[PDB]
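One protein chain is absent from this view; the other protein chains keep their places.
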Amino acid sequence: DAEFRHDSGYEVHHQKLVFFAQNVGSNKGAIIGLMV
Amino acid sequence: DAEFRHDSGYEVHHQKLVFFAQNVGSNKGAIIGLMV
Amino acid sequence: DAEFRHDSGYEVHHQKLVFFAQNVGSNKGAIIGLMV
Amino acid sequence: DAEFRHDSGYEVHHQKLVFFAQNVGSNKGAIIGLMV
Amino acid sequence: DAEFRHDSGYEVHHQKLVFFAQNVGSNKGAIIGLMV
Amino acid sequence: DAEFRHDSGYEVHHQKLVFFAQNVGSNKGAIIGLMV
Amino acid sequence: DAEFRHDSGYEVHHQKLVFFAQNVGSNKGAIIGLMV
Amino acid sequence: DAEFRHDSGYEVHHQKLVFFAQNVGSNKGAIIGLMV
Amino acid sequence: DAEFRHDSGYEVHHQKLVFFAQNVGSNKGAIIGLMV
Partner (left out) sequence: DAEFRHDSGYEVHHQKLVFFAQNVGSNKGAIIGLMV
């Protein structure tokens, strides 16, 4: 048998100025800020 | 048997100016800031 | 048997100016700042 | 049997100016700042 | 049996000017600053 | 994130003679061969 | 992140004569052959 | 990050005569052959 | 990061005569052959 526990702490604060903001806790796909 | 525990601390703050911001806790795919 | 524990501290702050910011706690895929 | 614990301290601060910033705690894939 | 503990201190600060910055705590793959 | 896979192979054969046989793949409770 | 895999091989054969047989792959509770 | 794999080989054979047999691959609780 | 692998070979055979047999691959609890 097997017991599994997991804690993932994700935090972010005080983004005064930003033109493209992308805060993702976990990704398994495609993340694009800008594409043509 | 096997017992597994994991702690992943992710934090970020005070981003005064940035044109492309991408904060990802964990990635298993594709991350692109800009593509054509 | 086997007991496993892991602590991964990821932090970053005070990014005054940056054109491409990519903060990733852990990566197992592709990370590209810019591609054509 | 075997007991495993691991502490990985990752920190970075005060990046006043940078055109391409890529802060990765751990990598097992491809990291590219710019490709054509 | 065997008990294992590990501490890896990674830190970096005050990067006033840099065109390509890549701060990686640990790498087991490919890291490229620029490729064609 | 975390991906977990586990393989537990349990097999037993050729028990010619036995008065009390108790073959359990995994136990988290009480197992008693005989009680009064 | 963390990837975990585990293989536990449990096998037993040719128990010609035994009055109390208790074959358990993994135990996290109480196992008693005989109690009063 | 951390990748963990574990192989635990448990085998036993040819127990011709035994009054109390208790074959346990892994134990985290109480095992008693006989109690009053 | 850290990669961990472990091989634990446990085997036992040819126990012709024994009144109390307790074969445990790994123990983290209490093992008692006889108690009152």
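Letters are used for the chains, namely A, B, C, D, E, F, G, H and I, taken in the order the chains are written, and counting of residues starts over at 1 for each.
The working rule: contacts are C-beta pairs under 8 Å (C-beta built on N, C-alpha and C of every residue); 3 or more make two chains touch, one makes a residue touch a chain.
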Open item on the list: Contact with the hidden chain only, please: which chain E residues?
Closed with: 1-2, 4, 6, 8, 26, 28
Task: Touch residues of chain I, complete complex, unshown partner - done: 1-36
Open item on the list: Which parts of chain D face the unshown chain closely enough to count as touching?
Closed with: 1-2, 4, 6
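As a working rule, only the chains that are shown with their structure count from here on.
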Open item on the list: Suppose each chain is reduced to the average of its Cα coordinates; what separation in Å results between chain D and chain H?
Closed with: 43
Task: Per-residue multi-chain contacts in chain D, two or more chains - done: 1-36
